[PDB]
Amino acid sequence: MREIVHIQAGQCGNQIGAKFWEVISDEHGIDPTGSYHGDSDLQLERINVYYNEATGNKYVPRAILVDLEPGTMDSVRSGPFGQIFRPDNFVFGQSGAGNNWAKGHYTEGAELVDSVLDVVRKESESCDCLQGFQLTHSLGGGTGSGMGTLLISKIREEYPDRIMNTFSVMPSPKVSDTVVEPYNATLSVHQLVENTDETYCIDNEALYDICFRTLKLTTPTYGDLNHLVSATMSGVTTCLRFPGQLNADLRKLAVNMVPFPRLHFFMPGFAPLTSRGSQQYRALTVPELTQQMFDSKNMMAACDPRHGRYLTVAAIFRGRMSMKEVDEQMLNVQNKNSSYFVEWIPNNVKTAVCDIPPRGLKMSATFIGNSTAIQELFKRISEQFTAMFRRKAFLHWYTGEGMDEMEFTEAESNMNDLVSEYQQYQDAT
Amino acid sequence: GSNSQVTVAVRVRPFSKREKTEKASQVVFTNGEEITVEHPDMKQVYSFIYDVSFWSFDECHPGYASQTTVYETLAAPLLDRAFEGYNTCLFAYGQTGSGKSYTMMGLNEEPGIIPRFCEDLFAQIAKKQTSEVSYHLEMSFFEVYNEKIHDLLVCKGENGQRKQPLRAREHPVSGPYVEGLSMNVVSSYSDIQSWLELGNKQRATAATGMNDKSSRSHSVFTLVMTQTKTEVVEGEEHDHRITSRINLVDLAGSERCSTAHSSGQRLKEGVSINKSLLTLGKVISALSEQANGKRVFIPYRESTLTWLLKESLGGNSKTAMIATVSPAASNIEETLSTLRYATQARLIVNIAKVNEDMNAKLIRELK
Amino acid sequence: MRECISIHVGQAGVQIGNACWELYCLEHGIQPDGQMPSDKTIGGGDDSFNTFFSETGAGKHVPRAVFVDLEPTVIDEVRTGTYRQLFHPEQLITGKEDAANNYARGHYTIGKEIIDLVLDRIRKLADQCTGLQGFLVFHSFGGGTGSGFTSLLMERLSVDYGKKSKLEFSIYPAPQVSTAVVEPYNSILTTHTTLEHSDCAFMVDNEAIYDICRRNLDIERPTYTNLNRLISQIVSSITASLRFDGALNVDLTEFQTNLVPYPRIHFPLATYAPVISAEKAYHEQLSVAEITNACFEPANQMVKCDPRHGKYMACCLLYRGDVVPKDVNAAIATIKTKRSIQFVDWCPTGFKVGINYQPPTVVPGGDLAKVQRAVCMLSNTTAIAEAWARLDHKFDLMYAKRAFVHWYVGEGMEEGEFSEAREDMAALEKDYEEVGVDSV
Ligand SMILES: CC(=O)O[C@H]1C(=O)[C@@]2(C)[C@H]([C@H](OC(=O)c3ccccc3)[C@]3(O)C[C@H](OC(=O)[C@H](O)[C@@H](NC(=O)c4ccccc4)c4ccccc4)C(C)=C1C3(C)C)[C@]1(OC(C)=O)CO[C@@H]1C[C@@H]2O
Ligand SMILES: Nc1nc2c(ncn2[C@@H]2O[C@H](COP(=O)(O)OP(=O)(O)OP(=O)(O)O)[C@@H](O)[C@H]2O)c(=O)[nH]1
Ligand SMILES: Nc1ncnc2c1ncn2[C@@H]1O[C@H](COP(=O)(O)OP(=O)(O)NP(=O)(O)O)[C@@H](O)[C@H]1O
Ligand SMILES: Nc1nc2c(ncn2[C@@H]2O[C@H](COP(=O)(O)OP(=O)(O)O)[C@@H](O)[C@H]2O)c(=O)[nH]1
Ligand SMILES: [Mg+2]
Ligand SMILES: [Mg+2]
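Chains as they are written, first to last, in PDB author numbering: chain B, 1 to 429; chain K, -1 to 0, 391 to 755; chain E, 1 to 440.
Bound conformation, chain B alone:
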């Protein structure tokens, strides 16, 4: 009765989503053919959230994979968990976006989006009571950005009273991976700010720092980075699937976290993370999780909270716990580090505790934070944007596909105006 439609766009989302379903299945006990080989009953009590049912007691995911290059869709089908997807939900084309936002939005994505949405209406109208949507895409490219934000804009008009919980990888500060990350990110934020309800910002630079500093991993691959994001995508939606003393759906987070409708860009986290040796020297308890979660080195956003203020944060705990330990520790943070919290919000924290942990952990905890630090992900793009736009650096690849300079300017002012809304609360009062 609380269902989630999962869309994947581009190379980053699909290689995450393939790892996301390789995590949820291991939780609910589904195997790479869709069959059930679990131990407990709770794994199936609420399997209807992500997975549907099928004939021979199999379970098919509500997964809609989108792309414009078949090369990656095939990489998913040949993987371990590629066989459970619905082949009629592998929607793709040819003539890839070329890391051009316009191609994914206007020219090649326009000729494919109607085939994507007709699949969504099937999966959606087969739901008893829909909660919201869920997208995994990467800003900086064309497919995830143009064809991604397009579907968002079309889905809100068709399903406006539901949540569009977008998971989105933002560009990095130091080392780019596409030269025109700034052009594409400014335009996507112009769309996300107006057509989403909660957007989790992830930066790959901080994922590497998590893996190299804390986990003490030497050779981390992309299959390891996405092993962290999947863990966060799963904690936001645990108190739907499993029971607990104090539950919280997606909507409950958006209320307590978004005080003004534009400031829905969040800084996530996950606890506890340790090396393959150091776990013998720690002890798991609510305090040891709370410390990691409010530590700047644990955030996935590459943006230090201590250069800003927390407006309102969330902590979705999982495991047998005392609520006093939870309520008291979230209080101690506020009274100790009050300068990094807002004065005109009395309590800046909510809670949610599930009673069913992760496959092999006595307890776990997820962090979600709305912070005035998040300017820094936006001033960089804007300054990168104006230095390139002021001389029309790579622009004829965007004008020649049905755009004008007016649209690049709008996307700058909306990004700059989102910056100022965060600035006016950064300073004391």
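Simulated from the structure, these hints should not be mistaken for laboratory data. Accuracy of the hints is not assured; some may be wrong.
[Stated by the list, open to error] With a Cα cut of at most 27 Å, we get these calculated DSS-like pairs of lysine-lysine:
1. K:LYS656 x B:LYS252
2. B:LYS154 x B:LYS297
3. E:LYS280 x E:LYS304
4. B:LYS122 x K:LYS663
5. E:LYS60 x E:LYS40
6. B:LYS379 x E:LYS336
7. K:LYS617 x K:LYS601
8. E:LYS304 x E:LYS336
9. B:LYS324 x B:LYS174
10. B:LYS154 x K:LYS544
11. B:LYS174 x E:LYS338
12. B:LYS252 x K:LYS670
13. B:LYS379 x K:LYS698
14. E:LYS60 x E:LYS96
15. K:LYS408 x B:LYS154
16. K:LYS431 x K:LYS408
17. E:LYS96 x B:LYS297
18. B:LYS362 x B:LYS324
Please arrange chains K and E with the ligands on chain B, whose structure you already have, making use of the hints.
Showing chains K and E with the ligands alone in chain B's frame:
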């Protein structure tokens, strides 16, 4: 340009059939020009001051403020400034059944600010229609419905799904505007009347508990007045050009979802109206705090109404507002909220200037 | 499936074609007789990846390529050589004379009577493609066929096809070394015509590879069978994303965007860092950090142009093999900390990354070693103006006396087509100057 404040006015409408049937006590009183409110709790009597107060409650008392009076007190000065070249804005505010779709447009027998302003403008122009200054008028008439824009002067096609929506876009200099708006040329008051009639026939209205014909869509009536002045110059003449914009706004009402009992589409549009008005209140409070020297950001972008009226609430225009209130006890809370927003709108100022439109040609530089 | 067409023109391209297809056939597992026993033992597959090899019913795999010339004496080493049973016998080779180092002879005179036959066999290969990615043209400035015919062909393709990426891999004329006294004329007329049609023309200079083969591989007496295997590795490192699985795969359209800011400055340079002999293949770590910095080392540039006399506008890196991304971001950070590498202020990102999992192979009989990692750096630098000017000055010296002009007019060419072309060459040198100037 120089600082100029927003002219705030108030109007107390008379009892309606509903307040008479469910007999309620008069609570709003005018202490000469102040507007006082005597709460049934009788803890205190509030008193609010305004630049102007209108008492159209009675039909006998000295102080009766009729439609021509409201015009000659509020709208004619804006016509003076428009002829001076300034942009002007006027917008209504209030709760459901307060008389916002009456003060501005009026009935066929008691016309409002819109027809009086258009007629007076055209007549003054005809009077001043000398060979020196050639005048041109264009108009538009659009609305806002569930956060979507619609053009009222565009006849719907042969279908029901004909409310073809437009979108807003930011020109980097002229500010926000509507893409695809069928601006129409204006010769005279008769053509203005015809266009306006077609528009109001197309506008979204409906019946409810607290009104038989209530507006479920915000309405903006825009005039663009261009004066091309002749002058003796040694070269080509007719460079002196003044373009001024007049923007008249009829907003929708608060509407609690209990009195005006509704379900479905009525409720949905009732929610959207409510959200737009919330954002408007936030904008007004933010501009008031700007007037006191603090650092504030104005949430223009949180709604299409404020987005398309950005340059008028603050910005560059001689702005005014007309608050509308009922005199009964059942609407005391909405009356007080409206009056508070009205009085804290008075502290707003905006930098209005003459729109010479000669920057970097010769004349603004010579200035 | 995604596909690319490989057009080969003139002696300089054909001899590179033999080197590229020797490599493609080895990597996927094809014998010279078109067969792939791997699918006979496995039971079928797309290992004979359809980007470059089309398949028939008898198991034969034919390459998607066309091998144009005007000499018979070059192709007839193919029709009689090891790979005769691989290529379609339609090789489109003219039973007439050559162009004799003449643009006018290859462009119009003996470029017609051939072009229509070349443009059809290209049409046949394109109608067999379910989504075409682009072209790959192999020619050399200096000749008539690599200058003329390539300027004739790229004009026709911009008409019929238009939107497909049309890339060039060109042998830039060297400053000191040269095999013709009329290379500059044939080179400056070419850029006048291709500059409006091609989208990215990678350039190589034979002189730099001669030096690269001396310092690193220790080959004092090289031939053209050594330069071209090293060019074949550049093309493979580009086209690997279309053939093999990887983490970040860079298609053709992405080179065309990241590296080409303005339409007229699409003249980047290529290189390949781990040029290491078998002996020096040991004693080396060959990490991402060691391989990546070498791509910026001027000695290992494949064009004789000091990048330190200019600025980088864009740079695309194509890693291969056991390459982890964290090692790459450490490298690209280390390069932006230096000061001998000065970027433009309007490209604060500057970089692009591509990573594949299929390591490079070793063509037997060769010189390169079995390395587990490899890099191909494609850079857009403002330094290449110094090479354009050096060629223009050679052009203005011998054109003032109208030397060697009557051989061009005698084939159909107006005197003003030099001057017009010269003006075009004198513009581009200002564009590379303007864009490299720091903004206010
Ligand atoms: C019993 C034990 O000691 O093994 C642990 C373990 O030692 C540690 C190192 C694990 C381990 O961490 C990693 O190996 C890792 C590598 C790259 C990126 C992220 C993690 C572990 O691999 C990770 C793995 O995590 C889980 O099992 C959770 O169920 C996790 N799901 C999966 O790992 C999973 C992924 C794909 C397929 C099947 C299962 C999960 C996370 C969120 C929500 C639900 C489930 C677990 C328990 C462990 C190992 C195996 C060592 C930790 O990992 C996580 C994210 O929980 C690191 O800290 C936790 C717990 C332990 O410290
Ligand atoms: N790198 C490389 N360059 C070659 C090779 N063969 C010829 N060239 C170059 O070709 C240039 C001379 O022009 P050609 O390529 O022979 O002219 P063409 O395109 O063959 O046209 P024609 O000479 O009329 O047949 C010189 O710069 C040579 O370096 C080769 O095998 N490898
Ligand atoms: N001064 C007045 N004298 C008499 N009747 C009045 C007066 N002002 C308003 N009314 C009555 O008010 C009724 C509705 O007014 P209306 O113009 O719809 O207010 P409103 O603000 O537009 N309601 P809404 O559409 O929700 O905004 C009409 O039927 C008029 O008879
Ligand atoms: N975390 C993560 N990021 C990825 C992965 N693959 C690609 N990316 C990111 O995607 C961005 C490039 O966008 P891309 O996915 O190519 O867009 P597309 O080509 O339109 O699909 C880069 O910033 C990469 O860091 C992955 O497996 N994991
Ligand atoms: Mg009304
Ligand atoms: Mg020859």
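Consistency of the hints with the structure:
1. Restraint check for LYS656 of chain K and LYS252 of chain B: the C-alpha separation of about 22 Å stays at or below 27 Å, so the hint holds.
2. The suggested pairing of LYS154 of chain B with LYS297 of chain B is violated, with an alpha-carbon distance near 37 Å, which exceeds 27 Å.
3. The suggested pairing of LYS280 of chain E with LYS304 of chain E holds, with an alpha-carbon distance near 25 Å, which does not exceed 27 Å.
4. About 32 Å separates the Cα atoms of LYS122 of chain B and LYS663 of chain K, which puts this hinted pair outside 27 Å; it is violated.
5. Taken as a hint, the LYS60 of chain E and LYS40 of chain E pair is honoured in the structure, with Cα atoms around 12 Å apart against an allowance of 27 Å.
6. For a cut-off of 27 Å, the pair hint linking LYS379 of chain B to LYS336 of chain E stands: about 20 Å separates their Cα positions.
7. Restraint check: the Cα-Cα separation between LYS617 of chain K and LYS601 of chain K comes to about 44 Å, which exceeds 27 Å; the hinted pair is violated.
8. Between the alpha carbons of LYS304 of chain E and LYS336 of chain E the distance comes to roughly 23 Å, so the proposed pair stays at or under 27 Å and holds.
9. This hinted pair does not check out: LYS324 of chain B and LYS174 of chain B have alpha carbons roughly 42 Å apart, beyond 27 Å.
10. With a C-alpha separation of about 24 Å, the suggested pairing of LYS154 of chain B with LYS544 of chain K holds against the 27 Å cut-off.
11. Note on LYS174 of chain B and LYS338 of chain E: the hinted pairing holds, with a Cα-Cα distance of about 14 Å set against a maximum of 27 Å.
12. As the CA atoms of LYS252 of chain B and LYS670 of chain K are separated by approximately 24 Å, the hinted pair is consistent with the 27 Å bound.
13. The straight-line distance between the Cα atoms of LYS379 of chain B and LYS698 of chain K is roughly 24 Å, inside the 27 Å bound, and the hint therefore holds.
14. Between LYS60 of chain E and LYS96 of chain E the alpha-carbon distance is near 32 Å, which puts this suggested pair outside the 27 Å criterion.
15. Of the pairs offered as hints, the one joining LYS408 of chain K and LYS154 of chain B is violated, with about 48 Å between alpha carbons and a cut-off of 27 Å exceeded.
16. Between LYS431 of chain K and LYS408 of chain K, the direct Cα distance comes to roughly 25 Å. Compliance with the 27 Å bound is thereby established for this hinted pair.
17. The hinted pair formed by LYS96 of chain E and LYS297 of chain B fails the criterion: a straight-line CA distance of about 72 Å is larger than 27 Å.
18. Under the criterion of a C-alpha separation no larger than 27 Å, the hint pairing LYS362 of chain B with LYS324 of chain B is consistent with the structure, at around 18 Å.
Of the numbered hints stated above, those contradicted by the structure are hints 2, 4, 7, 9, 14, 15, 17, listed in ascending order.
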